[PDB]
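Build out the structure end to end from the sequences listed, making use of the hints.
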Amino acid sequence: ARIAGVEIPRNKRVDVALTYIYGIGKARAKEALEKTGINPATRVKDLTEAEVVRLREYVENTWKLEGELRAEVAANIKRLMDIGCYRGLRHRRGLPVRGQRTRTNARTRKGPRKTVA
Amino acid sequence: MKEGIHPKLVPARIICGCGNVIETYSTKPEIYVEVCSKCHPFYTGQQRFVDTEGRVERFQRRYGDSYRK
Amino acid sequence: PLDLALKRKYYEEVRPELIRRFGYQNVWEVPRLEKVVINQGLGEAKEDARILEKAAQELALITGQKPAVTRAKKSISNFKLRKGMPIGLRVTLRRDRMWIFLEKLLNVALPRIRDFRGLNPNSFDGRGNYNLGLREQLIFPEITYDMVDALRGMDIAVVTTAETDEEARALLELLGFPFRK
RNA sequence: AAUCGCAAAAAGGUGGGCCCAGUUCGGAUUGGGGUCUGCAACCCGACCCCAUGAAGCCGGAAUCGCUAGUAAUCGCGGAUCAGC
RNA sequence: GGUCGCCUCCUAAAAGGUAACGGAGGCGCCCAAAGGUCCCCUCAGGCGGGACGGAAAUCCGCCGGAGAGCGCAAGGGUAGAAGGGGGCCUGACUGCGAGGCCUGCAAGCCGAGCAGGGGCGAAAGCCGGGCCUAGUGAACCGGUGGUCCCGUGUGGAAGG
RNA sequence: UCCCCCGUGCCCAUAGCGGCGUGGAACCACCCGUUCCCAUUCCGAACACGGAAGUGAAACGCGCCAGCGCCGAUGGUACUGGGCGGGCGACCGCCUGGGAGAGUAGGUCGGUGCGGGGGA
RNA sequence: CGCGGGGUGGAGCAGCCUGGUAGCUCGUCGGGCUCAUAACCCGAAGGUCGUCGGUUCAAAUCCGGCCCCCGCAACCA
RNA sequence: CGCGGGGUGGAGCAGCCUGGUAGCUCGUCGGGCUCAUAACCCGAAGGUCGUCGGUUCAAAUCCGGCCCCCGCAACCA
Ligand SMILES: CN(CC[C@H](N)CC(=O)N[C@H]1C=C[C@H](n2ccc(N)nc2=O)O[C@@H]1C(=O)O)C(=N)N
Ligand SMILES: [Mg+2]
Ligand SMILES: [Mg+2]
Ligand SMILES: [Mg+2]
Ligand SMILES: [Mg+2]
Ligand SMILES: [Mg+2]
Ligand SMILES: [Mg+2]
Ligand SMILES: [Mg+2]
Ligand SMILES: [Mg+2]
Ligand SMILES: [Mg+2]
Ligand SMILES: [Mg+2]
Ligand SMILES: [Mg+2]
Ligand SMILES: [Mg+2]
Ligand SMILES: [Mg+2]
Ligand SMILES: [Mg+2]
Ligand SMILES: [Mg+2]
Ligand SMILES: [Mg+2]
Ligand SMILES: [Mg+2]
Ligand SMILES: [Mg+2]
Ligand SMILES: [Mg+2]
Ligand SMILES: [Mg+2]
Ligand SMILES: [Mg+2]
Ligand SMILES: [Mg+2]
Ligand SMILES: [Mg+2]
Ligand SMILES: [Mg+2]
Ligand SMILES: [Mg+2]
Ligand SMILES: [Mg+2]
Ligand SMILES: [Mg+2]
Ligand SMILES: [Mg+2]
Ligand SMILES: [Mg+2]
Ligand SMILES: [Mg+2]
Ligand SMILES: [Mg+2]
Ligand SMILES: [Mg+2]
Ligand SMILES: [Mg+2]
Ligand SMILES: [Mg+2]
Ligand SMILES: [Mg+2]
Ligand SMILES: [Mg+2]
Ligand SMILES: [Mg+2]
Ligand SMILES: [Mg+2]
Ligand SMILES: [Mg+2]
Ligand SMILES: [Mg+2]
Ligand SMILES: [Mg+2]
Ligand SMILES: [Mg+2]
Ligand SMILES: [Mg+2]
Ligand SMILES: [Mg+2]
Ligand SMILES: [Mg+2]
Ligand SMILES: [Mg+2]
Ligand SMILES: [Mg+2]
Ligand SMILES: [Mg+2]
Ligand SMILES: [Mg+2]
Ligand SMILES: [Mg+2]
Ligand SMILES: [Mg+2]
Ligand SMILES: [Mg+2]
Ligand SMILES: [Mg+2]
Ligand SMILES: [Mg+2]
Ligand SMILES: [Mg+2]
Ligand SMILES: [Mg+2]
Ligand SMILES: [Mg+2]
Ligand SMILES: [Mg+2]
Ligand SMILES: [Mg+2]
Ligand SMILES: [Mg+2]
Ligand SMILES: [Mg+2]
Ligand SMILES: [Mg+2]
Ligand SMILES: [Mg+2]
Ligand SMILES: [Zn+2]
Numbered sequence: 002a003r004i005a006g007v008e009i010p011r012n013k014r015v016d017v018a019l020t021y022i023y024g025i026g027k028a029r030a031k032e033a034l035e036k037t038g039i040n041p042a043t044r045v046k047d048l049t050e051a052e053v054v055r056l057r058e059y060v061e062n063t064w065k066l067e068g069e070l071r072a073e074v075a076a077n078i079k080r081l082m083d084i085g086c087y088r089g090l091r092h093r094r095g096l097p098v099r100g101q102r103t104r105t106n107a108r109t110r111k112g113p114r115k116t117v118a
Numbered sequence: 001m002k003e004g005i006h007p008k009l010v011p012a013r014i015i016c017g018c019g020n021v022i023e024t025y026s027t028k029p030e031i032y033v034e035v036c037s038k039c040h041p042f043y044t045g046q047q048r049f050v051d052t053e054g055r056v057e058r059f060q061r062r063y064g065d066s067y068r069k
Numbered sequence: 002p003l004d005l006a007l008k009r010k011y012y013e014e015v016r017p018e019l020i021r022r023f024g025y026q027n028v029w030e031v032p033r034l035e036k037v038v039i040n041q042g043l044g045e046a047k048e049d050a051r052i053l054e055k056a057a058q059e060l061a062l063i064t065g066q067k068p069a070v071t072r073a074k075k076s077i078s079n080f081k082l083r084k085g086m087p088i089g090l091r092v093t094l095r096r097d098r099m100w101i102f103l104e105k106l107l108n109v110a111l112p113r114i115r116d117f118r119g120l121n122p123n124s125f126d127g128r129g130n131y132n133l134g135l136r137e138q139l140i141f142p143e144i145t146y147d148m149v150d151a152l153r154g155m156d157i158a159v160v161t162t163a164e165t166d167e168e169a170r171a172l173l174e175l176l177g178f179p180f181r182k
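From first to last, the protein sequence lines stand for chains WA, BA and H. For the first sequence, the residue numbers in the entry's author numbering are 2 to 118. For the second sequence, the residue numbers in the entry's author numbering are 1 to 69. For the third sequence, the residue numbers in the entry's author numbering are 2 to 182.
Calculated from the structure, these hints are not laboratory results. The beta carbon of each residue, even a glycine, is placed where N, CA and C say it ideally should be. Be a bit skeptical, because a hint or two may be false.
What follows is a list of derived Cβ distance ranges for each label pair [stated by the list, open to error]: (1) H:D4 with WA:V74: 44 to 54 Å; (2) WA:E8 with BA:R48: 19 to 29 Å; (3) BA:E23 with H:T162: 26 to 36 Å; (4) BA:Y32 with H:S76: 39 to 49 Å; (5) BA:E23 with H:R91: 21 to 31 Å; (6) BA:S66 with WA:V74: 28 to 38 Å; (7) H:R83 with WA:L34: 52 to 62 Å; (8) H:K182 with BA:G54: 12 to 22 Å; (9) BA:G64 with WA:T63: 22 to 32 Å; (10) WA:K13 with H:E137: 20 to 30 Å; (11) BA:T44 with H:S76: 44 to 54 Å.
Pasting the structure below:
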C-alpha cells in the first residue's frame, strides 16, 4: 500500500528494502545512499518522516516499476510472436528461448518432469 | 440514521497529494498518500514517467544508414 | 444533511456543463446521483467464516454505515452453500454519505489503485445508469497493512436519473471520473 | 626470459555488515542494453551491465571414494584452441 | 406371481355417484416454529451490468399477473397471500354447539354463536393448530395420573 | 343541473400495453429538512414528522391515436336432447328442437354511483 | 417399561471388593539392527477416564442419575 | 414377460443399507537390487460407478424405463 506500487518492508533497512520493488536491486539501491544521501542502512521506520517522503518521488519518475515494468517486460515479447521469430516461437512453445540445452534439465522452462511410459 | 452502530465520521483532514489536504468528513482522523489525484498519468499530463517512446524500438537505436543512396 | 467539496462540485460546475450537452428543458430532467451500493459480496464466508464481521466492520469504517448481510437466494451444490447462508455485504450509501464517500474514492482512493488506467467505458448498461468492479480494499484511505487482514475486492454501483447511457457518460465524466478513452 | 610479463594465489589474518526469512542464503530463468573474437554469433559461443530473483530448510529405495598430509576443502596452471 | 387401508388424478358420458388383475402417482410422517397475531414486504425468469465469481453465490438496471412459492404425491386454489421477514406470544384453549355436508350402520367432515379464562392488536377484529384434500385402527383386555362416585352387617381397605 | 379536481365505490381488460401531448392559482405529487414522535436484516428508498423554496421532469390526471393485447357479430358448419332409416363393420344418412369453437365483418386508448373541494 | 453394567486414548482392556498414578500390548512416528516383508529393541503423541450435578483434601474407581450400547427377564389389548 | 440377486480403474472384490464419504488384492507404467529375468525393495499411474430419466441443496448410494450377467419359474391335467 505504501511506496511506490506496494508497501516496502518497515523494520527492514533503507538499503535492503529497496530491491523488493519490481525494478530495483542492491545495484540500483545506491541511488538511495548516494543520489539523495540517505542513511547508511538504518531502518525504514527509523527514517526521518520527511526523508521518507523525499525518497517516494526520486525513484518513481526516475525508473520504471511494478505494473508498467511487469507489462514492459511482458508486452515486449508479444512482438516476438507477431513476427514469428526463433525467440518468439520458442516462447510460443514455452521452451528455452535463449538457446541452450533441452535434453537433460531445461526444467524451469518446462514445469515438473511430466514423465511418460 | 440508525442510532449507534454507524461510525461517527467527524470532519477529518485527508493530508495527501503535494498541496491538497482533500477535506471531507472521513471516519479516519488523518490520511496520507504517495500516489494521488494530483500526480497521475490519466489525471493530467502526458506522463512519460521515464518510459520514453517504447524503450528504443526500433530505429531509435541510431548508428544507422551505413548505406548512402 | 451537510455541505461538502463534491456536493458543491456537482452543484456549480456540473449542472451547467450538462445543460450544455443535452440542454434539459427542466430543472429535474437533468441527471443527479441517487444511490451508491457497495458490495463485497463475499461467499468467502461460506459454511465457515464467522470472521466475515472483521471484514465488514472495515466496510463500516470506509462507508460510515453498517453493511447488511445478504444471504442465499437458495441452496447451491458446487458453490458449497445453503439457502440462508451469509454470502453478501450490501451497504447502500444514500444521500449525504454518498458525496462523502464518492469524493474520497475519486480524489484519494481511485488513484492509489495499482496501475490505474482509466475506466472501462462500455460497462455502462444503457437503459439507465452505471457501475463497475474493484480488485481490493486497503487502497481506500481509511486503512493500511496491519488494519486490513485478508484481501477483498468489492463491487460499487451508481444509480443516477440518467435515463439514457450517453447522458450518463457526461454526468460521471464531468463529476470527477477518469475514463479509459 | 631464475632479467621483465601473465600474477591480487584463494582458503587466511583483520575491521565492518547482516540477523533465522525461499532470506543479504540460493543464481536458475528472462527482457531489452553493451564489449571482445572471427567473413561470420537465427540455430550457436564467451564475457559485461540493468533487471528477473525460480527448484532447493539437507535428499525416497538404493549407492560411492578414501587408512595420513590421505580423505575433506581451497585457489593457480598448462595442453586442444581465433574465440569458447 | 400380484393385490388387500388411505390420498391425488384419469376412466367418469359438463350435477353427485359408477366397474375392470383399466392408465399414472403418493400416504403409515412432519413443524415450539412450519403455529396465533400484528406490522411490514413480493416471485420464477429473461436481457443488459459488474473484482474474485462461474450457464447459476452476492450487488445494480429495465422488462414479469403469475409459468415461483405454498414441508413432502397429485388436483383445485392461490401474491387484493394462503407465499418472504420482524415484534409480542402459546386459541396445538376448558365447558358447548343453533344449523348442515356426507351416509345402509358405524365412522368422517364444516361451523356460526354462548360461558370461563387468556394471546395479539389503537381499534374493527382475529386465535378452539398448520393453503386444503393422506400421515390411520372400532370394541374387548389391561397400564398410568386424577376425581373421591360405588365399597357386600359396619368405619376403613381391597377392588371397581 | 355544467365543468375541472381530490378522496373513493361499482361493471369487469371495449377499462389494458405502448407511443404522442397537455395540466400546477387550486387540489395531488415529487420537492425542504432530521429537531421531535416514528423508522431501515444497510440507506429518511420506504414508514414517520416538522415544513412550502423549487416544480409538473417522475408518478398521477385529463386527453389523442388501433402497433400490441382485448372484446367481436351476421351467415354456415361441427356436435347434439328427441324421433327414424342406413351399412359385415369401422361408421353414414334423414326428421324435429337446441346449436357452438375457430375464423370473417367490425368495436376498443374506458363507464359510472356517493361525498367533498374549487369554476360560473 | 421394570431388574442387571458401565459407555475408558485412534482400535481392544487391566485401573477397580479397600480413592491417592492427568494407566499397560496392538496402532503410529523417529532410532540400533535387517538383505528383506519381519520378531527383537530404546524414546514418543493419546483420558473432557460417557456426561451432568455431587462426596471430600482433588478424584479416573464412593453417589442423585442424566444417558442411551451390550446383557437377562417378562408382557403385548 | 413373471419374481430374485448382480453391473465401479485392466482382472477379481468392497463401497449402496444410514446420500456429501471411492478402498483391498493383483497387475500396469517409473525407479532400485541383479551378469541378467522372476522374487523382493521404492514410487506413481489408473473408474462421471449398466444405462438413462429423476428426487434432493447434491447422487456410486434414492427412485423408474430400457440394455445385459446370473438364479428359480412359464403349472401343457
Ligand atoms: C402328481 N399327483 C396328482 C394329483 C391329482 N389327484 C391328479 C392330477 O393329475 N392332478 C392335476 C390336475 C391338473 C392340475 N392343473 C394343471 C394345470 C393347470 N393350469 N391347472 C391345474 O389344475 O394339476 C394337477 C397335478 O398334476 O397336480 C400327486 N402327486 N398327487
Ligand atoms: Mg541496438
Ligand atoms: Mg437535446
Ligand atoms: Mg493497465
Ligand atoms: Mg563481524
Ligand atoms: Mg536455518
Ligand atoms: Mg517451497
Ligand atoms: Mg521409504
Ligand atoms: Mg550412507
Ligand atoms: Mg401369493
Ligand atoms: Mg345429494
Ligand atoms: Mg370392489
Ligand atoms: Mg431470452
Ligand atoms: Mg450476465
Ligand atoms: Mg463481473
Ligand atoms: Mg466478468
Ligand atoms: Mg451474473
Ligand atoms: Mg408441492
Ligand atoms: Mg384436471
Ligand atoms: Mg394446473
Ligand atoms: Mg405473513
Ligand atoms: Mg420468518
Ligand atoms: Mg405495542
Ligand atoms: Mg350438530
Ligand atoms: Mg344439529
Ligand atoms: Mg367462532
Ligand atoms: Mg376481544
Ligand atoms: Mg395437511
Ligand atoms: Mg398406582
Ligand atoms: Mg363410603
Ligand atoms: Mg370411625
Ligand atoms: Mg380408585
Ligand atoms: Mg381513488
Ligand atoms: Mg411532458
Ligand atoms: Mg411557482
Ligand atoms: Mg416532459
Ligand atoms: Mg399511466
Ligand atoms: Mg375531466
Ligand atoms: Mg370527465
Ligand atoms: Mg370532457
Ligand atoms: Mg370523454
Ligand atoms: Mg384514428
Ligand atoms: Mg380502429
Ligand atoms: Mg385504424
Ligand atoms: Mg372470435
Ligand atoms: Mg337417441
Ligand atoms: Mg341404428
Ligand atoms: Mg348457429
Ligand atoms: Mg341440425
Ligand atoms: Mg359545484
Ligand atoms: Mg363564486
Ligand atoms: Mg454385566
Ligand atoms: Mg478412602
Ligand atoms: Mg547390499
Ligand atoms: Mg424368552
Ligand atoms: Mg414389549
Ligand atoms: Mg436387480
Ligand atoms: Mg468389470
Ligand atoms: Mg473386502
Ligand atoms: Mg439401485
Ligand atoms: Mg461418493
Ligand atoms: Mg522400509
Ligand atoms: Mg441404478
Ligand atoms: Mg423353470
Ligand atoms: Zn492532491
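Okay, the hints, checked on the actual structure:
Distance hint for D4 (chain H) and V74 (chain WA): a CB-CB separation of about 49 Å, consistent with the stated range 44 to 54 Å. Evaluation of the 19 to 29 Å hint for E8 (chain WA) and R48 (chain BA) yields a pass: the beta carbon distance comes to about 26 Å. Range check, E23 (chain BA) to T162 (chain H): Cβ separation about 28 Å, and the 26 to 36 Å hint holds. Between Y32 (chain BA) and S76 (chain H) the Cβ separation comes to about 46 Å, which falls inside the hinted range of 39 to 49 Å.
Range check, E23 (chain BA) to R91 (chain H): Cβ separation about 29 Å, and the 21 to 31 Å hint holds. Checked against the given bound of 28 to 38 Å, the beta carbons of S66 (chain BA) and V74 (chain WA), roughly 31 Å apart, stay inside it. Range check, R83 (chain H) to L34 (chain WA): Cβ separation about 59 Å, and the 52 to 62 Å hint holds. For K182 (chain H) and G54 (chain BA), the Cβ-Cβ distance of about 19 Å falls inside the hinted range of 12 to 22 Å, so the restraint holds.
For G64 (chain BA) and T63 (chain WA), the Cβ-Cβ distance of about 29 Å falls inside the hinted range of 22 to 32 Å, so the restraint holds. Taken as a hint, the range 20 to 30 Å holds for the pair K13 (chain WA) and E137 (chain H), whose Cβ atoms sit roughly 23 Å apart. Between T44 (chain BA) and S76 (chain H) the beta carbon distance is about 51 Å. The supplied range of 44 to 54 Å therefore holds.
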